[PDB]
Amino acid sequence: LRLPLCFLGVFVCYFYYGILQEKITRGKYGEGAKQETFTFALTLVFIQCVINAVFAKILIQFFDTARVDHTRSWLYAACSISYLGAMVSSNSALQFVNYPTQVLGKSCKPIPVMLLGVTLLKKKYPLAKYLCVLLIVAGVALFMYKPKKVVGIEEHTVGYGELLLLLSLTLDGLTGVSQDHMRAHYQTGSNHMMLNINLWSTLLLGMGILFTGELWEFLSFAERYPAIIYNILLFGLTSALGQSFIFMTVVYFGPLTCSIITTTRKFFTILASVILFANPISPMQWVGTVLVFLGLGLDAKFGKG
């Protein structure tokens, strides 16, 4: 095998990644009054970054090493700050909003990328953008927004979760801009970029977690429920593996296959999180996910750079 017929690697890796994230973040830790929700987000991102960095280092060591990097360290730091900010904000968003909403919000990169490109790069997309984005807008309005906001979440001031989601989207857009500019101007390979940004994010996260007095403190939580020690680790590992497998898709059959695989994986994750953990999705809502995914696929198919 090894062909796109069954790319079990990425599929299983990201499936386990999503299921583990939903289990750990929204896990019903404790019983009754003695309940402690998962309020720790920096530690998880720090562990994930460390595992990704070590796997990237091993991958580069075991693969071609003739390439010599030409990028500057401060550029890596500038990318990493936004990268870690986006990851941490998105992860923290799960403490208020439901998981399907979080994944739907994190699956809306086209809007921010188009906005940043128009504002600064001034790139014009007569048909690819400004015309197919209406589908994304309609879908997101269907799911996250009510008919007139009068039934459901109500028109009251949204919780901090949606604002955190917006912050994550903005940071993701900025990170994408920085990565694209650096790649265009310095010709940096994927492995070196991932390793450097992960190392910088690891250092910053370590300093922050030590200042916040969490690592020195939160270990009592793990002690009370030692199981979380194992599960979280597994989660991180999965992410790393995905990246490695993603590299294959980059070199084999181009990136369109990887994009479509990511889209279908996101849809499958929505289905699983709505069918396994029983997070009811109101009527006239699934159509919104359908609209958003259809728009994303059409963009990835028609009018794709």
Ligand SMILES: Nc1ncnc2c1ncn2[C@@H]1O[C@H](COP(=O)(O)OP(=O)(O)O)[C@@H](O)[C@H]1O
Given for the second form:
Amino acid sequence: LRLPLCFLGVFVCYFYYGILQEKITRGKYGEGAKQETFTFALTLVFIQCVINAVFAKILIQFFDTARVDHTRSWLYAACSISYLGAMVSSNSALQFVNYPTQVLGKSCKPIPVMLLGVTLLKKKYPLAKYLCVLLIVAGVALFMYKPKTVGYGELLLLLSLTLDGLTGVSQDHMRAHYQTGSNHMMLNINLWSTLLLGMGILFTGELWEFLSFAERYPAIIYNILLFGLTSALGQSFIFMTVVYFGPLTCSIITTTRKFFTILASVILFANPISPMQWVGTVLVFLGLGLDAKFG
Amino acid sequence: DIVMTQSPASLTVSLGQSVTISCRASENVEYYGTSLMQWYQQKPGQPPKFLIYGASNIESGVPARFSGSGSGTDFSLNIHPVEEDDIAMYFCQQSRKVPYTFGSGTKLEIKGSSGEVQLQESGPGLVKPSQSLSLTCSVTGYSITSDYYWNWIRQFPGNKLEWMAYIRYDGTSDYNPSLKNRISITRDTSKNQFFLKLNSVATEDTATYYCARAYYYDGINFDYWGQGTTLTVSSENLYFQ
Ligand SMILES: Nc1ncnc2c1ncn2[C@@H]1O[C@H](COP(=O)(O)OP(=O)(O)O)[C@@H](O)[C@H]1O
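I've shown you the form deposited without the named molecule. Could you give me the structure of the form solved in complex with the named molecule?
After this comes the whole thing, all chains and molecules, with the earlier chain placed first.
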């Protein structure tokens, strides 16, 4: 059977996910002196992890139930620490930077992954990879900088990128040495992340503040629920795509989805962007695609 | 299921020569850059000895002489200097799919001729066809609820190894699909034993049964083996034999 349904499903789910994230994190709550801002990134990530874990459990218990998970629990916990940290830092960065900036920054995983591989794994890559990474760096420099300095948002984005690179390294290691399945990956990572986040929010006292804030603006509850549902559906479709087409197709689909998400964020939410900055993003995405093509 | 073929059935070598043993798989056994292959050595009358996990990595304590190679569907084991110590049968087994399979085995011969575990099998020796049989493996020096996989493996006459089932320390168990309808594996943590039950045994079940501990890393590796128990299924009660 022809299977373009993977592309359509992933694209729609993650496009709506990006729109919802823009609406939530950078939304306007209240007017005048009563105006507030969304500072509860931990709770958002906690809800997302809970929904992802539920969906992964459903998928495992219905689909491909004959597998046995050989991964050690401590490996799952260690990877989940970095995964949760990356997601929380990326979500919190939106408190300072525009959403297109956050998407573009978080789309540069290859740079940190290659740096970790070279410095820690002492791996080697073909000349194409270095040239592709060169294009990404040039595009980011052209976008993130202008002739006319780094604040908290850029530092948060850098930390999130580093944690994403660490998470990728750990996932690759344990997939190679334990044959970890994607569904088990999702389920265990999200379970550990939700446990840690629940502990953190409960002992930080942020849960009560979030509850009061939601009471003030009840509309946010529906947005958060839809955000979690879209994330989970996109995760399931990503799993199905990798099963039916491998990781290369998934990477290409995610890259094009990210580009369209940036375009939609600029068009709809009236985010200002100079024509020179457009060259930066197009160069970054071209480099990402070429890197995907040339391994 | 995957079928592993070893081309040289028997090799005649002189001491100090370099010998390469090939092993070909019916399907690709790579997974995210890792070749899920293992190599074992079995001296006559002894349980197999674990040598290599993955295509290349060498188990700690094995001499530097041994060295694996190959990728995809074709693999080979190389011993550059060969001494009288390492003249034995060599088996290659994949771990890509749930039914773990072993190669037919390659035999070498000389031309011109707290971590320690004690596995112990027990059970009836001579049985009649269609009877119900239960094999007990007793573990001492380690707790079966602590870690590692506890498997049951049998070797038919002709040295054809066959993995049967295992029960993990969690209690999760996996079975050979060809035998899932005939056998059941259980454990008794109080006595530190795990049993295997065979119902309606046939003459084809005659073999030597091993209970082996294993750990998963680049595949399942049966590092520790028991001495094995001989099971004979005969329609007539053998006597004076
Ligand atoms: N094979 C896979 N490819 C991409 N993402 C995956 C895969 N398996 C699981 N995921 C999960 O899906 C989420 C979104 O993936 P994404 O970042 O879009 O992939 P990419 O970085 O390749 O575009 C990630 O948090 C990741 O943990």
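Residue numbers count along the first chain shown, from 1. Under this definition, the rigid core comprises the largest set of C-alpha atoms superposing within 1.5 Å between the forms.
When the two forms are overlaid on the rigid core, CA displacement between the two forms of 2 Å or more is confined, within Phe253, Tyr29, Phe268, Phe277, to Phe253. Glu217 shows a C-alpha shift of 2 Å or greater between the two forms [criterion: core-superposed Cα displacement of 2 Å]. Core superposition places the Cα of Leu120 1.8 Å apart between the two forms.
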